[PDB]
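This document opens with one chain alone, in structure tokens, the form deposited in one PDB entry.
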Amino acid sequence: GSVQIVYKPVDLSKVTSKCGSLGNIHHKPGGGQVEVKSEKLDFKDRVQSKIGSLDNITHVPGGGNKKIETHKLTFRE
């Protein structure tokens, strides 16, 4: 006995923005402090780690739109 499969998704979709102006954004935080102490570290399989981080960010994108998508047809026997 035969098998037939058809996969025809269609996408005319859009993701958009407009802006007059982004203006005089300030970013003036006071001085942060961090300490971490441990005598031994041990990492063994597929570890991801961040120890002692101190981050300042001022992102301000002119149009931060995004479109994340996936397609995953699968078959057996």
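Rigid core here is just the name for the largest C-alpha set that superposes within 1.5 Å across the two forms. Residue numbers count along the first chain shown, from 1. Compared with the form deposited in another entry:
With the core held fixed, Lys44 shows a CA shift of 2 Å or greater between the two forms.
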The other form holds:
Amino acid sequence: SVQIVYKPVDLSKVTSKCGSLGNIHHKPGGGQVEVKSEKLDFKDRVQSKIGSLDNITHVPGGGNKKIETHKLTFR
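Having seen the form deposited in one PDB entry, I'd like the form deposited in another entry now, please.
What follows is just the one chain, with no partners and no other molecules.
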């Protein structure tokens, strides 16, 4: 006989407080990018960037993350 009981209990807090958030300046001075390739072959589950001059300002008021995997395998 097999009995499997899977009862995780989660009471977690992920939390932040900020009084104020601001006066943020992102002022990048350009630039130059060159890429040479011949053949690209991309297959299962690829994340790729080639030849980029990207500027990102990311200012979340919270920006909190919780990541949670439950896996049960029986054979």
